[PDB]
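One chain comes next, on its own, written out as structure tokens in the form deposited in one PDB entry.
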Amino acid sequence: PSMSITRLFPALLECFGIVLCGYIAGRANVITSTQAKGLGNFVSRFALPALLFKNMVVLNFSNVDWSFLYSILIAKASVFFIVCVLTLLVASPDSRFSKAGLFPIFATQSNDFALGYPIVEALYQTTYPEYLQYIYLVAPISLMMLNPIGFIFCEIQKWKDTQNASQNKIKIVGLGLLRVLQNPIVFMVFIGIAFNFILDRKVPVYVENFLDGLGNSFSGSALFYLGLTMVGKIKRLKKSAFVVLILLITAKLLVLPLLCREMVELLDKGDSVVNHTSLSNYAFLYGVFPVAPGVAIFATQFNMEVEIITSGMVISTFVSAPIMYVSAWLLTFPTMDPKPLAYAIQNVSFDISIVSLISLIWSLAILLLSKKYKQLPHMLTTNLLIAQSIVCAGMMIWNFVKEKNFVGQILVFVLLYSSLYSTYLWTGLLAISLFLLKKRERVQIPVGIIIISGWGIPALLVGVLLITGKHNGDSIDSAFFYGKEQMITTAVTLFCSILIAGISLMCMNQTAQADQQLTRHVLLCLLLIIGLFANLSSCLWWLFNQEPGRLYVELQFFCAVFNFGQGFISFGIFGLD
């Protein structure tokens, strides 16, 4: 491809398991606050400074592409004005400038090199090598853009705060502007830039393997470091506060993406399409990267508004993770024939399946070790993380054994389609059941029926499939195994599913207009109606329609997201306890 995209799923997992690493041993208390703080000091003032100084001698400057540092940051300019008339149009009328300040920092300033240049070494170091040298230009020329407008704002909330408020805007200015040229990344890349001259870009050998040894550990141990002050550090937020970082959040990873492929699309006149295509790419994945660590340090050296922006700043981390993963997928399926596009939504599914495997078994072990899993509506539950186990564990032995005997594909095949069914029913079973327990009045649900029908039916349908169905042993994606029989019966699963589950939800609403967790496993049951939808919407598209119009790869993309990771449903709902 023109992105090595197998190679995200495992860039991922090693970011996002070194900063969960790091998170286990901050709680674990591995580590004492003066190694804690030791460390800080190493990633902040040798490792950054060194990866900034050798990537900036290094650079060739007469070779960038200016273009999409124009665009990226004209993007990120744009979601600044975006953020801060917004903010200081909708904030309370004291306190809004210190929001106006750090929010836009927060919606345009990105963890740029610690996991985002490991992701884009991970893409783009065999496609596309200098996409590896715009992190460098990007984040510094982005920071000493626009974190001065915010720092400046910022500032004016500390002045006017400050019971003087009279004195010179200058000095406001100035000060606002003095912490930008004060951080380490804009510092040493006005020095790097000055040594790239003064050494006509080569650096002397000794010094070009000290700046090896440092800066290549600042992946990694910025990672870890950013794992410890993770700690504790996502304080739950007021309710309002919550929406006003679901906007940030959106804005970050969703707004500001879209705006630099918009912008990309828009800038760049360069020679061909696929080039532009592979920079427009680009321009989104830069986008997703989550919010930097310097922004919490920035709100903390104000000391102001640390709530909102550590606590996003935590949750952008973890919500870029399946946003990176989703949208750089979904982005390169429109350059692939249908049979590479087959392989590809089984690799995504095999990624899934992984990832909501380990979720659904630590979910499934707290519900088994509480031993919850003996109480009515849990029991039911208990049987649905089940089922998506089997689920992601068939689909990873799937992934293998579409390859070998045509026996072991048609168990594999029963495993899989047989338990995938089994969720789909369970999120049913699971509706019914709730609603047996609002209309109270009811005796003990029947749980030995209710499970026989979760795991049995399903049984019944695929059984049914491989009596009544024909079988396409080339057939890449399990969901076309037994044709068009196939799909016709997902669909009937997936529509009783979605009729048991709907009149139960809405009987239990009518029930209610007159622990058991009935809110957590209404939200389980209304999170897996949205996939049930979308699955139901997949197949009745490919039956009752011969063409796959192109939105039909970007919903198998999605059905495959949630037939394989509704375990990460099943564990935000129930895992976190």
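Residue numbers count along the first chain shown, from 1. First, how it differs from the form deposited in another entry.
Rigid-part rearrangement between the two forms places its hinge, out of 205, 534, 141, 338, at 338.
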Given for the second form:
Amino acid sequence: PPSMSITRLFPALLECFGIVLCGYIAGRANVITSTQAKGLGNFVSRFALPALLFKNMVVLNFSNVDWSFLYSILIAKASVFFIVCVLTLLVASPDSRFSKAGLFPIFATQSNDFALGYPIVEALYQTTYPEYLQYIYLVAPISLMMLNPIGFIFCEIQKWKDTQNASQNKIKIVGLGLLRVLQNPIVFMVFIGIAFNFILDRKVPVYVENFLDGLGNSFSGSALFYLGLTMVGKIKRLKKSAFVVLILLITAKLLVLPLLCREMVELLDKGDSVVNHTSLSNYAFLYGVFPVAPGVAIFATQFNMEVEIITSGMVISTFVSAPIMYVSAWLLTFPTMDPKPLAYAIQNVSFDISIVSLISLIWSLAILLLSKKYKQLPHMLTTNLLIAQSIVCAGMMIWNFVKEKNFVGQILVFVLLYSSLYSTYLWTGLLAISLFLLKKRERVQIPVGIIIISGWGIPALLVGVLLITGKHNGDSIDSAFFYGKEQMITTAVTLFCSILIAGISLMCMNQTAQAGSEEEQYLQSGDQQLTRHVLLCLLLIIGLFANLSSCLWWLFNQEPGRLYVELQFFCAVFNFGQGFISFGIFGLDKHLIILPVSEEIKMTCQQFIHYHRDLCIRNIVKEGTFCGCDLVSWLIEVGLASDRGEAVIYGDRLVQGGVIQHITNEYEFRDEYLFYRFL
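Now that you have shown the form deposited in one PDB entry, what about the form deposited in another entry?
Just the single chain follows, nothing else.
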């Protein structure tokens, strides 16, 4: 029988994470400020989500539910909750372990079922298994009801113990926990919808069906866009211990929980069919990979506990769940697929990732170009790493079309593709050593020519050597085997060399960092960008090792097993999605990316002039000038602006109304520690 419908997953992930990208880009551009974002959030959470829940709860046929799936996912979440909660209580400091042990387990267990899970489960299972869609709306509310009051109880215990009203007792603590759970619109409208599922005989009474549909159908896009908006400023830099804790919590949500879900289904589902049993446990895994709900960050801010870790982790979890979902769904379809269609399938994964990663790379190239940063170091070498990744993705798009044709011209496509791929590897090496040479004392100036020459020519020369030494096999569907064992050796050699160069050079960069224990802010900006390049080199090093280990496993075991095609698929993912990694690291400095009278502005200027002007000057101005960031901080502290977004837009109005200007008037209003004057 045919599979779960896996070719529909990438379009659905583009829906999900591209609408989240739209929300992020809109908030980052201050098209929608955080105050404005709360309107979309209130629409979502108070109207669209409860209507979606109510409709799907009234329609739901409770006689047909596979309660074993609910029990298994629920017990998987309950056991992850037990693990994370008991661990946190044992490990965390007594000043905060109750807040942490409340919110960290909710983090580890509460999935983004509605906004992200449902479109993905729809796209995967709507045609093949339309009953699996019901279990989104079942598992998520029942999970809130069972598991969230335990975590809320621990947070209320933090409040009780910190406020020291020690005469109070279990009734108030447990009651406040349960009351938060009952008040939550998810739980609230699921009880209401279950009640009406029985009051009506599952028929939405026609009159309100269109109303409920209109609200619910809007939830999907609006919740994804609101998720993007809430992600805008959230990746704050954390303590090293908080980064380790984040990795543990994100691993709980995205790796431990789906594994436990799959195992629990294979324990509790004692139904007959092996194919439907496998599809159910595959769905259990997919369900486990969903990211953390933004609702957990709402809980954290409502308790004002662990807000930084939970918000940052919800954001990072959302980003990380996309590649893990794609990887995992394909991996689960593979052990139900034949080897030639499996080759074509990996080449469609490669083609998908390479097309949208190429568009990500074209954007990142426009960044490095129009910022003029491509003239500075390391950014010149980064531009070459991005051009290498772009030609990798282009070569993958060319290969997917050419692999069955132009039998000699496959050599040109292979030269393009694998010379550029070896170039991305070797540029990982050369960019890492550029970071070492930049962190070392600046008199050790980088030999730019030699390094760019090597970054392209050594890959070109290596592929020429491969053309000399290897034997053609265009009948191999994957580019990765076009010259067989010689290609695998040359690739392993390239990667082992690059991993050595990069590991050694990052260790030496680290040692020069240990030894360290407008133009000035632009140089400091270059150093901070170098630190982002350290992050890039670390992530790319992980990917390099993924590819090296795959090559080594094939070379060691030239009769490859199922784990080898897991590794070949993950190799494709890194090889072609490293462009997404770049795009996620260089999509940051909005002003460097983009930049290089109305009655509303009149009112802004009059509000300032007639009232706050002298007070502001008395607070900020020194020998008629002030930093833009300090006016932003003042507008926030004084409450004229709700956030840094409104603060920059109020500064933009005050500049466009001439209450202020930049000192040389060469720049518009910015948060970037530029300097401004009153007129």
